[PDB]
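One chain of protein is taken out of this complex; the other chains stay put.
Order as written gives the chain letters A and B; numbering starts at 1 within each chain.
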Amino acid sequence: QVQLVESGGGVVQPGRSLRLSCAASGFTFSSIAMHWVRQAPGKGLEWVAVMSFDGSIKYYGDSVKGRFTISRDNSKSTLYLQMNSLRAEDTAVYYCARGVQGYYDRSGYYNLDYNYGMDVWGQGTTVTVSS
Amino acid sequence: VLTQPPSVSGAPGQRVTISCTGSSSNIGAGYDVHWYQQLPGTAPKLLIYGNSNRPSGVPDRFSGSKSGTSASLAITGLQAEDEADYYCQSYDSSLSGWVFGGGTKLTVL
Partner (left out) sequence: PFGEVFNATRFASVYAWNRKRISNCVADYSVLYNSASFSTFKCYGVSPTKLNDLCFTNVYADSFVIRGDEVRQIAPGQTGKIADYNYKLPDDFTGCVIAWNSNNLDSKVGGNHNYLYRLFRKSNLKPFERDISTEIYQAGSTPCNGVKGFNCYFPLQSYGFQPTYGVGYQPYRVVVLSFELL
């Protein structure tokens, strides 16, 4: 029974930080890449960050470039996102999405630039920035 | 950013095509286009991956396609439950990130 429960909701102020934990059970967490995706209220979907097979490759979005930090923990099967200095535009519903087990390489060098989408998705932390 | 229409309309039994036009570095670079079914109030589920592969669980009504730099989708025999939105997904090497679509509110008359 694959699932992904994530926590860290609440209403915060512009100019401080937060952390978003995300559990994972039922599958092998220590082999599959993991993403973070957010959705402005009523608007479309957007992509934030990605964390690789072990924690070596991290690519960030166009908007969170310099404000976000993603970590992971294969001991308790839990992904982490550290949002630093939240602006008044970072309000969304944050989805913790399972990536793909893809960790291929030809001529040695491993890479994370794939095709495959996000198979199973989380439930959503709805953080809100306001004054 | 992938150009996607805001809303498509179709009576039951008909065939509605949700287009999606991307750039020359988004889809025309050679990365696959996937589609998501997001019901209102529910996390999205992967509808089609790899431009044609339907996973285990989606019925045989969602076709999916890709042609050059502009992919598409097609729903034949659409019923009264397809009220969901339908985004896209791809890769952009010029942005080194994963892009999404814009949203197409499919409504059934």
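Keep in mind that, in the parts below, a contact is a pair of C-beta atoms (placed from the backbone, for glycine too) under 8 Å apart; a residue touches a chain by one contact, two chains touch by 3 or more.
The chain not shown here is touched by just one of A:56, A:107 or A:130, and that residue is A:107.
The chain omitted from view is touched by exactly one of B:45, B:61 or B:66, namely B:66.
Even with one chain removed from view, chain A keeps its contact list with that chain: residues 28, 31-32, 100-108, 110, 115-116, 119. For chain B, the list of residues touching the undisplayed chain reads 32, 49-56, 66-67.
Operating definition for what follows: only the chains that are shown with their structure count from here on.
Centres computed as Cα averages put chain A at a distance of 22 Å from chain B. The touching residues of chain B, counted against chain A in their complex, run 31-32, 34, 36, 38, 43-46, 49-50, 55, 87, 89, 91, 93, 95-103. Those residues of chain A that touch chain B in the shared complex are 35, 37, 43-47, 50, 59-62, 95, 113-119, 121-124.
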